[PDB]
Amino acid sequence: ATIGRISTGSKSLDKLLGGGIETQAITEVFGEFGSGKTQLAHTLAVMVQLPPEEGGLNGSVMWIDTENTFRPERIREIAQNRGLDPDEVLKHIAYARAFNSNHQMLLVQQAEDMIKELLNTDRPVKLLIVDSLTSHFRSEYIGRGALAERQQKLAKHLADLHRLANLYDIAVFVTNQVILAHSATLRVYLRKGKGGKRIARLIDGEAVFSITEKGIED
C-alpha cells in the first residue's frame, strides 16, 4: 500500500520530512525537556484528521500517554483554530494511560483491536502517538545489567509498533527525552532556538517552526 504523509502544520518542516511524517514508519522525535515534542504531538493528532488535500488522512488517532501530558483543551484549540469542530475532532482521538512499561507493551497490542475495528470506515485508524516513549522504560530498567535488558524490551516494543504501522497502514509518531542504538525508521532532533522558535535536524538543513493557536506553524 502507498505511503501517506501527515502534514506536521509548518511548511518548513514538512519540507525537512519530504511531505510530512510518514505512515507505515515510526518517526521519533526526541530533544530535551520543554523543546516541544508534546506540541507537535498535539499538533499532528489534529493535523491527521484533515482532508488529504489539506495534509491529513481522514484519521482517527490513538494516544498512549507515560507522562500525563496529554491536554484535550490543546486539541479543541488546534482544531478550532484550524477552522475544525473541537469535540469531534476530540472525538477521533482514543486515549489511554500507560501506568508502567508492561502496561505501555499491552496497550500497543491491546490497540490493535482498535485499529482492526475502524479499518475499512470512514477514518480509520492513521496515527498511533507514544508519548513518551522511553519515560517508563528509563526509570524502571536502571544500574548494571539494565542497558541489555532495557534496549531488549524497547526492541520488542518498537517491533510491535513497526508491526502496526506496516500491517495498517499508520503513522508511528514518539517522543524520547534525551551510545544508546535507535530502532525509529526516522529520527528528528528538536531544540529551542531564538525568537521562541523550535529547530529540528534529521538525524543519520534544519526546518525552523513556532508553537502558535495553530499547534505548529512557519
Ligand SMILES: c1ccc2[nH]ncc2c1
Second form
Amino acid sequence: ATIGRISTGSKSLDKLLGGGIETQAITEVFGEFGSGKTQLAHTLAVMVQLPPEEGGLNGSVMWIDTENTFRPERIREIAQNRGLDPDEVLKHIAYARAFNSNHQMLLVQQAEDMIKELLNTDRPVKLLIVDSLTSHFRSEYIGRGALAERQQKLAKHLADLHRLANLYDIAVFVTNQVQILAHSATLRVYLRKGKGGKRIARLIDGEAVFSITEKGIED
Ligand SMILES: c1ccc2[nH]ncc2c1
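Moving from the form deposited without the ligand, what structure would you give for the form deposited with the ligand bound?
Entire complex below, previous chain first.
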C-alpha cells in the first residue's frame, strides 16, 4: 500500500518532514517539558480527519495517554477553528489511559481490534498516538541492569507499533521527554522552544519553525 501523509498544520514543519507525517512509520518527537510535543499530537489528531486535498487522510485516531495530558476541549477548539465540527472530530478519537508500561503494551495489542473493525469504513484508523512513549518505562525500569531491560521492552513495544503502522497503513506518532540510548522510531524530530514563543524542529538522522495557536500549530 502507498504511504499517506498527514499535515502537521505548519507548512514549515511539513516541508522538513518531506510532506507531512507518514503512515507506515513511527515518528518520534522528543524534547524538554514544554517543547510542544503534546500540542503537535493534538493538532495531528485533528488534521488527519481532514480530506486528502486538505492534508488529512479522512482518518480516525487512537490515542494512548500515559500522563493524563489529553484535553478534549483542545481538540474541539482546534477543530472548530479549522472549520471542522468539534464534536464529530472528538468522536473519531478513541482514547485510553495507560496505567503502567505493561498496560501500555497491552493497549497497543488491543488497538488492533478497533483498527480491524474500522479498516473498511469511510474513516479507518490513520493515526495512533502514544503520549508519552517512555514515561512509564523511565519510572519503572531504573538502576543497575535497567538499561538493557528497559531497552528490550521498549524494542518489543516499538516492534508492535511498527507492525500496526505497516500492516494497516497507519501513522504512529509518539512523544518522548528528553534532557546515548538507541531508538527504533522511523524518524526522530527534536523539538525545542525558540524566541518569540516559537517552537523549532530539527530532524535527528534545516529547521522548521512554528507557533502554537488557536488552530493547534501553524507557521
Ligand atoms: C488504544 C487507544 C484507544 C483505545 N480504545 N479502545 C482500545 C484502545 C487502545
